[PDB]
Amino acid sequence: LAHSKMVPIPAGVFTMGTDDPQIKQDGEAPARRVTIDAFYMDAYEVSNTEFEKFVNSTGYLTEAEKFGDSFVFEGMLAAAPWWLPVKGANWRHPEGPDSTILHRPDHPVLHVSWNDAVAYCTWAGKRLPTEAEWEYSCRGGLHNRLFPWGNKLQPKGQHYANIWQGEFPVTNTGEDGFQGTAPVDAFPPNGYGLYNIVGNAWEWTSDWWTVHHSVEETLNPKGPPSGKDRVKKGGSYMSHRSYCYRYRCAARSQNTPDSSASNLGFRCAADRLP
(Lines of atoms letter the chains of each structure in order from A and count residues from 1; the text may use other names and numbers.)
(Lines give C-alpha, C1' and ligand atoms only; values in the text may rest on other atoms or scores of the structure.)
(Ligands and ions follow the chains in the order given, each with its own letter.)
Protein backbone atom coordinates (compact mmCIF):
# COMPACT_ATOMS: atom_id res chain seq x y z
CA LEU A 1 0.00 0.00 0.00
CA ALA A 2 1.25 3.44 -1.07
CA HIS A 3 -1.95 5.45 -0.72
CA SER A 4 -0.16 8.86 -0.43
CA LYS A 5 1.59 8.60 -3.80
CA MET A 6 1.22 11.47 -6.21
CA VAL A 7 1.34 11.40 -10.01
CA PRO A 8 2.78 14.11 -12.28
CA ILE A 9 0.01 16.02 -14.11
CA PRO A 10 1.50 17.39 -17.35
CA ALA A 11 1.43 21.05 -18.36
CA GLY A 12 -1.33 21.68 -20.89
CA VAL A 13 -4.30 23.67 -22.10
CA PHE A 14 -7.84 22.35 -21.69
CA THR A 15 -11.50 23.19 -22.04
CA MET A 16 -12.99 23.76 -18.60
CA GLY A 17 -16.77 23.57 -18.30
CA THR A 18 -19.05 22.75 -21.22
CA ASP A 19 -21.18 24.53 -23.81
CA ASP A 20 -23.67 21.65 -23.38
CA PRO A 21 -24.36 22.02 -19.62
CA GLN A 22 -26.46 19.26 -18.05
CA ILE A 23 -27.11 21.08 -14.75
CA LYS A 24 -27.31 24.70 -15.95
CA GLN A 25 -27.96 26.11 -12.45
CA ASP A 26 -24.43 25.07 -11.40
CA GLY A 27 -22.58 27.26 -13.92
CA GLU A 28 -21.19 24.35 -15.97
CA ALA A 29 -21.25 26.77 -18.91
CA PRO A 30 -19.52 28.38 -20.61
CA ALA A 31 -16.67 26.22 -21.89
CA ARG A 32 -13.40 28.13 -21.47
CA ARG A 33 -9.77 27.42 -22.41
CA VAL A 34 -7.50 27.17 -19.37
CA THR A 35 -3.72 26.72 -19.23
CA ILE A 36 -2.41 24.67 -16.30
CA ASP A 37 1.27 24.41 -15.31
CA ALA A 38 2.71 20.97 -14.51
CA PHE A 39 2.06 19.86 -10.93
CA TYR A 40 1.42 16.78 -8.77
CA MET A 41 -1.90 15.24 -7.72
CA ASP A 42 -2.65 12.41 -5.27
CA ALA A 43 -3.53 9.26 -7.18
CA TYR A 44 -6.05 8.49 -4.44
CA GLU A 45 -8.60 10.11 -2.20
CA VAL A 46 -7.10 10.52 1.26
CA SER A 47 -7.90 7.27 3.12
CA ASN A 48 -8.81 6.68 6.74
CA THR A 49 -5.35 5.23 7.36
CA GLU A 50 -3.59 8.27 5.89
CA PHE A 51 -5.86 10.71 7.81
CA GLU A 52 -5.18 8.74 11.00
CA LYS A 53 -1.42 9.27 10.53
CA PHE A 54 -2.22 13.01 10.40
CA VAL A 55 -4.34 12.92 13.59
CA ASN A 56 -1.75 10.77 15.35
CA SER A 57 0.97 13.24 14.44
CA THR A 58 -0.88 16.49 15.22
CA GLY A 59 -3.71 15.60 17.66
CA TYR A 60 -6.09 17.35 15.21
CA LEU A 61 -9.77 17.39 16.18
CA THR A 62 -12.03 17.76 13.13
CA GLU A 63 -14.83 20.34 13.01
CA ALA A 64 -17.54 17.64 13.10
CA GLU A 65 -15.99 16.34 16.31
CA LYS A 66 -16.03 19.82 17.81
CA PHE A 67 -19.59 20.57 16.55
CA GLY A 68 -20.70 17.14 17.84
CA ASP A 69 -22.60 16.05 14.72
CA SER A 70 -22.36 15.62 10.94
CA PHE A 71 -24.62 14.74 8.03
CA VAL A 72 -25.38 11.09 7.29
CA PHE A 73 -27.44 9.57 4.49
CA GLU A 74 -30.49 7.83 5.98
CA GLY A 75 -29.99 4.74 3.83
CA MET A 76 -26.80 3.87 5.69
CA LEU A 77 -28.12 4.19 9.22
CA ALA A 78 -30.81 18.82 5.92
CA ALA A 79 -30.41 19.58 2.23
CA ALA A 80 -32.92 16.72 1.71
CA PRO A 81 -35.18 14.43 3.75
CA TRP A 82 -32.52 11.67 3.45
CA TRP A 83 -29.78 13.85 5.02
CA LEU A 84 -29.78 13.63 8.82
CA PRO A 85 -27.47 15.49 11.22
CA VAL A 86 -26.33 12.60 13.38
CA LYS A 87 -24.83 13.29 16.84
CA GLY A 88 -21.46 11.61 17.11
CA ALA A 89 -21.13 11.00 13.36
CA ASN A 90 -17.54 11.86 12.32
CA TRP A 91 -14.54 10.47 10.38
CA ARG A 92 -13.93 7.62 12.90
CA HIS A 93 -17.70 6.91 13.20
CA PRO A 94 -19.06 7.48 9.72
CA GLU A 95 -22.72 6.50 10.37
CA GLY A 96 -22.78 7.60 13.98
CA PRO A 97 -21.41 6.63 17.38
CA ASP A 98 -21.82 2.86 16.96
CA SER A 99 -20.15 2.63 13.55
CA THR A 100 -16.37 2.19 13.11
CA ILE A 101 -13.62 2.54 10.47
CA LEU A 102 -11.68 -0.53 11.75
CA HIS A 103 -12.83 -2.74 8.88
CA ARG A 104 -12.38 -0.07 6.16
CA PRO A 105 -8.90 1.42 6.72
CA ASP A 106 -8.38 1.90 2.97
CA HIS A 107 -11.67 3.70 2.20
CA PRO A 108 -11.67 7.52 1.80
CA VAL A 109 -11.84 9.63 4.91
CA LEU A 110 -15.30 11.16 5.31
CA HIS A 111 -16.90 13.88 7.46
CA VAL A 112 -13.91 16.14 6.85
CA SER A 113 -14.67 19.80 6.21
CA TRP A 114 -12.80 22.18 3.88
CA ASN A 115 -10.76 23.39 6.85
CA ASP A 116 -9.97 19.79 7.92
CA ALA A 117 -8.87 19.02 4.37
CA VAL A 118 -6.63 22.13 4.23
CA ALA A 119 -5.08 21.15 7.62
CA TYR A 120 -4.27 17.59 6.38
CA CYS A 121 -2.87 18.63 2.99
CA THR A 122 -0.70 21.38 4.45
CA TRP A 123 0.47 18.94 7.14
CA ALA A 124 1.43 16.54 4.31
CA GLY A 125 3.52 19.27 2.60
CA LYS A 126 0.75 19.64 0.05
CA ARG A 127 -2.39 21.67 -0.65
CA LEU A 128 -5.85 21.39 -2.15
CA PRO A 129 -6.08 21.56 -5.94
CA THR A 130 -7.90 24.46 -7.54
CA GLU A 131 -11.11 23.62 -9.39
CA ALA A 132 -9.31 24.04 -12.69
CA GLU A 133 -6.46 21.70 -11.66
CA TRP A 134 -8.98 19.22 -10.32
CA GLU A 135 -11.05 19.25 -13.53
CA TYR A 136 -8.02 19.12 -15.88
CA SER A 137 -6.78 16.10 -13.92
CA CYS A 138 -10.22 14.44 -13.83
CA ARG A 139 -10.37 14.72 -17.62
CA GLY A 140 -7.24 12.59 -17.86
CA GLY A 141 -6.00 13.98 -21.19
CA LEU A 142 -9.29 13.66 -23.09
CA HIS A 143 -11.13 16.63 -24.62
CA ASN A 144 -14.79 17.46 -23.90
CA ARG A 145 -15.87 14.05 -22.61
CA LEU A 146 -18.49 13.41 -19.91
CA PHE A 147 -16.30 11.19 -17.76
CA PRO A 148 -12.58 10.65 -17.04
CA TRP A 149 -12.58 7.67 -19.44
CA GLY A 150 -14.89 8.93 -22.20
CA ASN A 151 -18.61 9.31 -22.88
CA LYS A 152 -20.01 5.79 -22.08
CA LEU A 153 -20.95 5.17 -18.43
CA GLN A 154 -20.00 1.46 -18.62
CA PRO A 155 -17.30 1.14 -21.25
CA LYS A 156 -17.02 -2.40 -22.59
CA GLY A 157 -19.73 -3.38 -20.08
CA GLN A 158 -17.45 -2.56 -17.13
CA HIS A 159 -18.16 -0.29 -14.15
CA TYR A 160 -15.56 2.49 -14.03
CA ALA A 161 -16.71 4.30 -10.87
CA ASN A 162 -18.50 3.93 -7.56
CA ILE A 163 -21.92 5.62 -7.97
CA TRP A 164 -25.54 4.54 -7.35
CA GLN A 165 -27.44 1.86 -9.22
CA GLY A 166 -31.18 1.43 -8.75
CA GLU A 167 -33.94 3.75 -7.56
CA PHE A 168 -32.49 6.61 -5.51
CA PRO A 169 -32.85 6.90 -2.55
CA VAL A 170 -34.93 3.83 -1.83
CA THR A 171 -32.74 1.11 -3.41
CA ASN A 172 -29.00 0.88 -4.11
CA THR A 173 -28.40 -2.46 -5.80
CA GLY A 174 -24.63 -2.46 -5.24
CA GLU A 175 -24.20 -3.60 -8.86
CA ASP A 176 -20.81 -1.91 -9.11
CA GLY A 177 -19.55 -3.85 -6.03
CA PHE A 178 -20.07 -1.13 -3.38
CA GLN A 179 -23.13 0.45 -1.77
CA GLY A 180 -21.16 2.83 0.42
CA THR A 181 -17.53 3.70 -0.30
CA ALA A 182 -14.94 1.57 -1.99
CA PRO A 183 -11.23 1.30 -1.22
CA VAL A 184 -9.41 4.36 -2.57
CA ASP A 185 -7.52 2.15 -5.06
CA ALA A 186 -10.73 0.65 -6.48
CA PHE A 187 -11.74 0.82 -10.20
CA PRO A 188 -9.53 1.65 -13.21
CA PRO A 189 -7.22 4.67 -13.29
CA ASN A 190 -7.88 7.55 -15.71
CA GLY A 191 -5.24 8.47 -18.32
CA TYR A 192 -3.21 10.43 -15.72
CA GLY A 193 -3.27 7.56 -13.20
CA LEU A 194 -5.94 8.93 -10.87
CA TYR A 195 -8.44 6.68 -9.08
CA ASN A 196 -12.02 7.50 -8.15
CA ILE A 197 -11.79 11.10 -9.28
CA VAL A 198 -15.51 10.77 -10.13
CA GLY A 199 -17.68 8.83 -7.69
CA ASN A 200 -16.83 7.28 -4.34
CA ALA A 201 -16.37 10.45 -2.20
CA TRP A 202 -16.96 14.05 -3.26
CA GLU A 203 -13.75 16.05 -3.31
CA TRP A 204 -13.04 19.52 -1.90
CA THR A 205 -11.14 22.09 -4.00
CA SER A 206 -9.54 25.41 -2.93
CA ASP A 207 -11.89 27.72 -4.90
CA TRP A 208 -14.65 29.94 -3.59
CA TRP A 209 -17.86 29.11 -5.47
CA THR A 210 -19.39 31.25 -8.19
CA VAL A 211 -21.60 30.26 -11.15
CA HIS A 212 -20.48 33.33 -13.15
CA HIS A 213 -17.60 32.48 -15.51
CA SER A 214 -16.00 34.48 -18.32
CA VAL A 215 -15.08 32.83 -21.63
CA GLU A 216 -11.71 34.55 -21.31
CA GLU A 217 -8.68 32.31 -21.43
CA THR A 218 -6.77 32.16 -18.13
CA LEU A 219 -3.64 30.71 -16.56
CA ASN A 220 -3.67 28.69 -13.35
CA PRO A 221 -6.94 30.36 -12.26
CA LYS A 222 -7.72 30.33 -8.52
CA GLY A 223 -11.45 31.08 -8.75
CA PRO A 224 -13.10 34.24 -7.35
CA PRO A 225 -11.39 36.22 -4.52
CA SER A 226 -14.31 35.94 -2.15
CA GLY A 227 -17.37 33.87 -1.42
CA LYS A 228 -19.28 31.91 1.18
CA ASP A 229 -19.13 28.34 -0.24
CA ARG A 230 -16.10 26.38 -1.45
CA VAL A 231 -16.25 24.22 -4.61
CA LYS A 232 -16.50 20.42 -4.43
CA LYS A 233 -16.15 18.15 -7.46
CA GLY A 234 -16.69 14.71 -8.88
CA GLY A 235 -19.79 13.24 -7.27
CA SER A 236 -20.05 10.30 -4.88
CA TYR A 237 -21.30 6.79 -4.35
CA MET A 238 -24.76 8.40 -4.05
CA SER A 239 -24.72 9.95 -7.52
CA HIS A 240 -27.20 8.90 -10.20
CA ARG A 241 -28.44 10.14 -13.58
CA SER A 242 -31.92 10.65 -12.09
CA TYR A 243 -31.12 13.16 -9.31
CA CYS A 244 -27.39 13.94 -8.82
CA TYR A 245 -25.84 13.68 -12.27
CA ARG A 246 -22.49 15.03 -10.97
CA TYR A 247 -20.04 12.17 -11.67
CA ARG A 248 -18.92 14.21 -14.68
CA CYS A 249 -15.64 16.19 -14.73
CA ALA A 250 -17.53 19.35 -15.80
CA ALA A 251 -19.97 18.99 -12.86
CA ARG A 252 -19.68 21.06 -9.73
CA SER A 253 -21.31 21.80 -6.41
CA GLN A 254 -20.50 23.65 -3.19
CA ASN A 255 -20.75 23.72 0.59
CA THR A 256 -19.80 26.16 3.33
CA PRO A 257 -16.19 25.42 4.49
CA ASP A 258 -17.26 24.13 7.90
CA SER A 259 -19.54 21.55 6.26
CA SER A 260 -19.10 17.77 6.55
CA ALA A 261 -21.00 14.71 5.30
CA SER A 262 -20.86 10.91 4.90
CA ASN A 263 -20.14 11.29 1.14
CA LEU A 264 -17.52 14.08 1.13
CA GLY A 265 -13.74 13.79 1.25
CA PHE A 266 -10.70 15.03 -0.65
CA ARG A 267 -7.34 14.50 -2.25
CA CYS A 268 -4.28 16.80 -2.23
CA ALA A 269 -2.05 18.36 -4.88
CA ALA A 270 1.43 19.86 -4.76
CA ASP A 271 3.59 22.15 -6.91
CA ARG A 272 6.62 19.94 -6.38
CA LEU A 273 7.09 16.54 -4.70
CA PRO A 274 6.99 16.76 -0.89
Contents of the next structure:
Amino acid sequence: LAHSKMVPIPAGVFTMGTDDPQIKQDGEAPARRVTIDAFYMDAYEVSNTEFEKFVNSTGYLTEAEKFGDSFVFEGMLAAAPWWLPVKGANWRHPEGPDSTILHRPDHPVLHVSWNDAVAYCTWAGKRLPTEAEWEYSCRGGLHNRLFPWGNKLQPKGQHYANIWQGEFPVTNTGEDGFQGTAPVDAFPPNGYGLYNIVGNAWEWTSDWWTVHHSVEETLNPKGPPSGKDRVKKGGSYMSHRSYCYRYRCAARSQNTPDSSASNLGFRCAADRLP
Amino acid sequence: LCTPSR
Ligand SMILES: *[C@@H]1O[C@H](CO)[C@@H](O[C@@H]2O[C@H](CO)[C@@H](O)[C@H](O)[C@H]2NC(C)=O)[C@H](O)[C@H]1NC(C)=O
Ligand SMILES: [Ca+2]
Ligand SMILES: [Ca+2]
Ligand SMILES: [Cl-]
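Moving from the form deposited without its partner chain, what structure would you give for the form solved in complex with its partner chain?
What follows is the whole complex; the chain from before opens it.
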Protein backbone atom coordinates (compact mmCIF):
# COMPACT_ATOMS: atom_id res chain seq x y z
CA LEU A 1 0.00 0.00 0.00
CA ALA A 2 1.20 3.47 -0.92
CA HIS A 3 -1.82 5.48 0.17
CA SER A 4 0.16 8.73 0.68
CA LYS A 5 1.51 8.71 -2.90
CA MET A 6 1.18 11.85 -5.00
CA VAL A 7 0.87 12.36 -8.74
CA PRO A 8 2.17 15.21 -10.89
CA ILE A 9 -0.62 17.43 -12.15
CA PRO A 10 0.68 19.10 -15.32
CA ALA A 11 0.81 22.84 -15.91
CA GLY A 12 -2.08 24.06 -18.00
CA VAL A 13 -5.05 26.25 -18.68
CA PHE A 14 -8.60 25.07 -18.03
CA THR A 15 -12.21 26.18 -17.84
CA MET A 16 -13.31 26.36 -14.21
CA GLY A 17 -17.03 26.42 -13.53
CA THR A 18 -19.62 26.12 -16.26
CA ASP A 19 -21.95 28.29 -18.34
CA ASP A 20 -24.49 25.50 -18.02
CA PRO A 21 -24.80 25.53 -14.19
CA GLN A 22 -26.85 22.73 -12.68
CA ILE A 23 -27.05 24.33 -9.21
CA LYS A 24 -27.09 28.06 -9.90
CA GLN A 25 -27.23 29.15 -6.23
CA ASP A 26 -23.77 27.63 -5.70
CA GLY A 27 -22.00 29.92 -8.21
CA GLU A 28 -21.06 27.15 -10.63
CA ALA A 29 -21.20 29.89 -13.26
CA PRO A 30 -19.62 31.67 -15.02
CA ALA A 31 -17.10 29.53 -16.85
CA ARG A 32 -13.68 31.18 -16.62
CA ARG A 33 -10.22 30.33 -17.93
CA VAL A 34 -7.71 29.60 -15.18
CA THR A 35 -3.97 28.94 -15.49
CA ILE A 36 -2.46 26.46 -13.03
CA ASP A 37 1.25 25.82 -12.54
CA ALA A 38 2.47 22.22 -12.32
CA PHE A 39 2.10 20.75 -8.84
CA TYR A 40 1.47 17.45 -6.99
CA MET A 41 -1.88 16.02 -5.76
CA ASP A 42 -2.51 13.10 -3.45
CA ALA A 43 -3.75 10.16 -5.56
CA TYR A 44 -6.06 9.14 -2.69
CA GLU A 45 -8.26 10.72 -0.03
CA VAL A 46 -6.36 10.60 3.26
CA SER A 47 -7.23 7.22 4.85
CA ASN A 48 -7.82 6.22 8.43
CA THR A 49 -4.41 4.50 8.50
CA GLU A 50 -2.59 7.55 7.16
CA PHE A 51 -4.42 9.88 9.62
CA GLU A 52 -3.54 7.49 12.47
CA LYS A 53 0.18 7.87 11.54
CA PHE A 54 -0.27 11.67 11.97
CA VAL A 55 -2.04 11.29 15.32
CA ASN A 56 0.55 8.76 16.52
CA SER A 57 3.33 11.18 15.62
CA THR A 58 1.82 14.42 16.98
CA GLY A 59 -0.80 13.43 19.57
CA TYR A 60 -3.25 15.66 17.66
CA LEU A 61 -6.81 15.82 19.06
CA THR A 62 -9.32 16.67 16.35
CA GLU A 63 -11.87 19.41 16.83
CA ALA A 64 -14.76 16.88 16.95
CA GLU A 65 -13.04 15.11 19.85
CA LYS A 66 -12.64 18.40 21.68
CA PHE A 67 -16.22 19.52 20.94
CA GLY A 68 -17.47 16.03 21.96
CA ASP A 69 -19.76 15.49 18.97
CA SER A 70 -19.95 15.48 15.19
CA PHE A 71 -22.65 15.14 12.54
CA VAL A 72 -23.69 11.64 11.51
CA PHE A 73 -26.07 10.56 8.76
CA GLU A 74 -29.13 8.80 10.24
CA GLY A 75 -29.21 6.01 7.67
CA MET A 76 -26.11 4.46 9.17
CA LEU A 77 -26.83 4.50 12.84
CA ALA A 78 -28.62 19.92 11.72
CA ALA A 79 -29.04 21.05 8.14
CA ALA A 80 -31.56 18.19 7.56
CA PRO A 81 -33.60 15.68 9.64
CA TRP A 82 -31.21 12.94 8.49
CA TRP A 83 -28.21 14.72 10.09
CA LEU A 84 -27.78 14.27 13.83
CA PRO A 85 -25.05 15.73 16.06
CA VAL A 86 -23.91 12.54 17.77
CA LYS A 87 -22.02 12.67 21.07
CA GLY A 88 -18.74 10.86 20.71
CA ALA A 89 -18.78 10.56 16.90
CA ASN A 90 -15.31 11.36 15.53
CA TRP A 91 -12.69 9.99 13.13
CA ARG A 92 -12.13 6.82 15.24
CA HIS A 93 -15.86 6.25 15.89
CA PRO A 94 -17.55 7.41 12.67
CA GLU A 95 -21.16 6.63 13.75
CA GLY A 96 -20.66 7.22 17.51
CA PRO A 97 -18.92 5.57 20.46
CA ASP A 98 -19.89 2.00 19.61
CA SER A 99 -18.56 2.18 16.08
CA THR A 100 -14.98 1.53 15.09
CA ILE A 101 -12.52 1.97 12.21
CA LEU A 102 -10.70 -1.34 12.86
CA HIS A 103 -12.39 -3.05 9.88
CA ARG A 104 -11.96 -0.03 7.54
CA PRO A 105 -8.34 1.13 7.87
CA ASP A 106 -8.12 1.95 4.11
CA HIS A 107 -11.33 4.02 3.98
CA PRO A 108 -11.13 7.85 3.95
CA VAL A 109 -10.78 9.55 7.30
CA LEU A 110 -14.00 11.33 8.33
CA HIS A 111 -15.12 13.88 10.96
CA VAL A 112 -12.07 15.98 10.18
CA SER A 113 -12.51 19.74 10.14
CA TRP A 114 -10.75 22.17 7.83
CA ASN A 115 -8.31 22.94 10.66
CA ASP A 116 -7.71 19.20 11.22
CA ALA A 117 -7.03 18.81 7.48
CA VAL A 118 -4.57 21.74 7.37
CA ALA A 119 -2.78 20.25 10.45
CA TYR A 120 -2.46 16.84 8.74
CA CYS A 121 -1.36 18.20 5.35
CA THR A 122 1.22 20.52 6.92
CA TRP A 123 2.54 17.73 9.13
CA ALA A 124 2.97 15.71 5.94
CA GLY A 125 4.98 18.43 4.19
CA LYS A 126 1.97 19.28 2.05
CA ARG A 127 -1.04 21.66 2.04
CA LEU A 128 -4.69 21.71 1.00
CA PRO A 129 -5.29 22.30 -2.68
CA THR A 130 -7.01 25.46 -3.81
CA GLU A 131 -10.45 25.04 -5.32
CA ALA A 132 -9.04 25.79 -8.76
CA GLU A 133 -6.25 23.20 -8.32
CA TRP A 134 -8.79 20.72 -6.98
CA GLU A 135 -11.20 21.23 -9.91
CA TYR A 136 -8.46 21.17 -12.55
CA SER A 137 -7.26 17.90 -11.08
CA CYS A 138 -10.79 16.50 -10.85
CA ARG A 139 -11.35 17.15 -14.56
CA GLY A 140 -8.40 14.88 -15.33
CA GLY A 141 -7.42 16.52 -18.60
CA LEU A 142 -10.91 16.66 -20.15
CA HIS A 143 -12.61 19.94 -21.13
CA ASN A 144 -16.09 20.94 -19.98
CA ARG A 145 -17.34 17.50 -18.90
CA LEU A 146 -19.64 16.71 -16.03
CA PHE A 147 -17.45 14.03 -14.41
CA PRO A 148 -13.74 13.23 -14.22
CA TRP A 149 -14.27 10.59 -16.93
CA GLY A 150 -16.81 12.29 -19.19
CA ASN A 151 -20.53 13.06 -19.42
CA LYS A 152 -22.10 9.60 -18.81
CA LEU A 153 -22.60 8.55 -15.18
CA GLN A 154 -22.00 4.81 -15.89
CA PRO A 155 -19.78 4.67 -18.95
CA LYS A 156 -19.74 1.21 -20.56
CA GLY A 157 -22.26 0.21 -17.86
CA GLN A 158 -19.59 0.48 -15.15
CA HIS A 159 -19.73 2.38 -11.87
CA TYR A 160 -16.95 5.00 -11.75
CA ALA A 161 -17.56 6.54 -8.28
CA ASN A 162 -19.12 5.78 -4.91
CA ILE A 163 -22.39 7.75 -4.67
CA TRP A 164 -26.00 6.85 -3.75
CA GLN A 165 -28.23 4.51 -5.71
CA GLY A 166 -31.91 4.26 -4.81
CA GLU A 167 -34.26 6.70 -3.10
CA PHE A 168 -32.45 9.19 -0.89
CA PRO A 169 -32.44 9.04 2.12
CA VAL A 170 -34.68 6.03 2.77
CA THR A 171 -32.97 3.43 0.61
CA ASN A 172 -29.40 3.05 -0.63
CA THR A 173 -29.27 -0.08 -2.74
CA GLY A 174 -25.44 -0.38 -2.65
CA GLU A 175 -25.48 -1.13 -6.38
CA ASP A 176 -22.01 0.41 -6.80
CA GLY A 177 -20.67 -1.99 -4.15
CA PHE A 178 -20.57 0.40 -1.14
CA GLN A 179 -23.37 1.77 1.04
CA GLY A 180 -21.01 3.88 3.16
CA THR A 181 -17.46 4.76 2.20
CA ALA A 182 -15.18 2.66 0.04
CA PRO A 183 -11.43 2.10 0.28
CA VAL A 184 -9.49 5.13 -0.90
CA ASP A 185 -8.14 3.12 -3.85
CA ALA A 186 -11.55 1.93 -5.07
CA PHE A 187 -12.98 2.65 -8.53
CA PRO A 188 -11.03 3.68 -11.61
CA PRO A 189 -8.54 6.51 -11.53
CA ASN A 190 -9.16 9.60 -13.62
CA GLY A 191 -6.85 10.76 -16.42
CA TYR A 192 -4.36 12.20 -13.89
CA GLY A 193 -4.24 9.14 -11.60
CA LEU A 194 -6.67 10.37 -8.97
CA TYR A 195 -9.05 8.03 -7.15
CA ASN A 196 -12.48 9.00 -5.73
CA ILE A 197 -12.07 12.67 -6.57
CA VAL A 198 -15.86 12.68 -7.02
CA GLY A 199 -17.91 10.68 -4.50
CA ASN A 200 -16.80 8.68 -1.45
CA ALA A 201 -15.90 11.55 0.94
CA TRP A 202 -16.39 15.27 0.25
CA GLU A 203 -13.02 17.07 0.15
CA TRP A 204 -11.91 20.31 1.83
CA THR A 205 -10.05 22.95 -0.18
CA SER A 206 -8.09 25.96 1.03
CA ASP A 207 -10.43 28.66 -0.43
CA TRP A 208 -12.83 30.86 1.45
CA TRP A 209 -16.33 30.46 -0.11
CA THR A 210 -17.94 33.02 -2.41
CA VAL A 211 -20.57 32.56 -5.11
CA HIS A 212 -19.48 35.71 -6.95
CA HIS A 213 -16.86 35.00 -9.63
CA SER A 214 -15.49 37.27 -12.36
CA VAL A 215 -15.15 36.00 -15.92
CA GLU A 216 -11.59 37.35 -15.82
CA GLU A 217 -8.70 35.01 -16.58
CA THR A 218 -6.59 34.17 -13.51
CA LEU A 219 -3.31 32.54 -12.51
CA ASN A 220 -3.14 30.19 -9.54
CA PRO A 221 -6.18 31.87 -7.93
CA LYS A 222 -6.61 31.49 -4.17
CA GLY A 223 -10.26 32.49 -3.73
CA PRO A 224 -11.42 35.56 -1.86
CA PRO A 225 -9.19 37.00 0.89
CA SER A 226 -11.94 36.75 3.52
CA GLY A 227 -15.08 34.78 4.30
CA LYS A 228 -16.85 32.66 6.88
CA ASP A 229 -17.02 29.25 5.17
CA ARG A 230 -14.35 27.22 3.36
CA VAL A 231 -15.03 25.49 0.05
CA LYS A 232 -15.51 21.70 -0.20
CA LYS A 233 -15.73 19.73 -3.45
CA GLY A 234 -16.63 16.51 -5.12
CA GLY A 235 -19.67 15.06 -3.34
CA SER A 236 -19.81 11.85 -1.37
CA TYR A 237 -21.24 8.38 -1.00
CA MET A 238 -24.54 10.13 -0.12
CA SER A 239 -24.77 12.20 -3.27
CA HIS A 240 -27.61 11.64 -5.75
CA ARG A 241 -29.05 13.25 -8.87
CA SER A 242 -32.30 13.88 -6.97
CA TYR A 243 -30.98 15.81 -3.94
CA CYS A 244 -27.29 16.69 -3.80
CA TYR A 245 -26.13 16.53 -7.45
CA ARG A 246 -22.56 17.49 -6.58
CA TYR A 247 -20.47 14.52 -7.79
CA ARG A 248 -19.43 16.84 -10.68
CA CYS A 249 -16.09 18.66 -10.94
CA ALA A 250 -17.81 22.01 -11.31
CA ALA A 251 -20.01 21.49 -8.26
CA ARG A 252 -19.17 23.16 -4.99
CA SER A 253 -20.41 23.59 -1.44
CA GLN A 254 -19.14 24.96 1.87
CA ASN A 255 -18.96 24.65 5.62
CA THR A 256 -17.52 26.64 8.52
CA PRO A 257 -13.90 25.53 9.15
CA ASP A 258 -14.64 23.94 12.49
CA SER A 259 -17.29 21.69 10.88
CA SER A 260 -17.02 17.90 10.70
CA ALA A 261 -19.29 15.14 9.40
CA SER A 262 -19.54 11.50 8.44
CA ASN A 263 -19.29 12.29 4.71
CA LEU A 264 -16.41 14.80 4.74
CA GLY A 265 -12.68 14.20 4.39
CA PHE A 266 -9.79 15.57 2.31
CA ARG A 267 -6.65 15.03 0.29
CA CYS A 268 -3.46 17.09 0.22
CA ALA A 269 -1.44 18.80 -2.48
CA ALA A 270 2.14 20.15 -2.66
CA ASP A 271 4.22 22.47 -4.84
CA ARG A 272 7.08 19.94 -4.91
CA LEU A 273 7.50 16.36 -3.68
CA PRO A 274 7.89 16.18 0.09
CA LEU B 1 -27.77 20.75 1.79
CA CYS B 2 -25.05 18.07 1.78
CA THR B 3 -23.13 18.51 5.08
CA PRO B 4 -24.40 20.60 8.02
CA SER B 5 -22.01 23.12 9.55
CA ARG B 6 -21.15 22.83 13.23
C1 LIG C 1 -0.27 3.94 15.99
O2 LIG C 1 0.31 3.59 17.24
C3 LIG C 1 -0.25 2.42 17.81
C4 LIG C 1 0.31 2.28 19.22
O5 LIG C 1 1.70 2.09 19.06
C6 LIG C 1 0.10 1.22 16.93
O7 LIG C 1 -0.44 0.02 17.47
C8 LIG C 1 0.54 -0.82 18.12
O9 LIG C 1 1.61 -1.13 17.26
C10 LIG C 1 2.55 -2.03 17.84
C11 LIG C 1 3.81 -2.11 16.99
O12 LIG C 1 3.49 -2.72 15.76
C13 LIG C 1 1.86 -3.38 18.01
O14 LIG C 1 2.74 -4.39 18.43
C15 LIG C 1 0.76 -3.20 19.04
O16 LIG C 1 0.04 -4.40 19.21
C17 LIG C 1 -0.19 -2.08 18.60
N18 LIG C 1 -1.05 -1.74 19.72
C19 LIG C 1 -2.31 -1.34 19.54
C20 LIG C 1 -2.81 -0.32 20.53
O21 LIG C 1 -3.05 -1.76 18.64
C22 LIG C 1 -0.44 1.45 15.52
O23 LIG C 1 0.00 0.45 14.62
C24 LIG C 1 -0.03 2.81 14.97
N25 LIG C 1 -0.78 3.00 13.73
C26 LIG C 1 -0.23 3.38 12.57
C27 LIG C 1 -1.19 3.62 11.43
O28 LIG C 1 0.98 3.52 12.40
CA1 LIG D 1 -22.46 3.81 -3.05
CA1 LIG E 1 -13.91 12.12 -2.66
CL1 LIG F 1 -23.42 14.45 -0.09
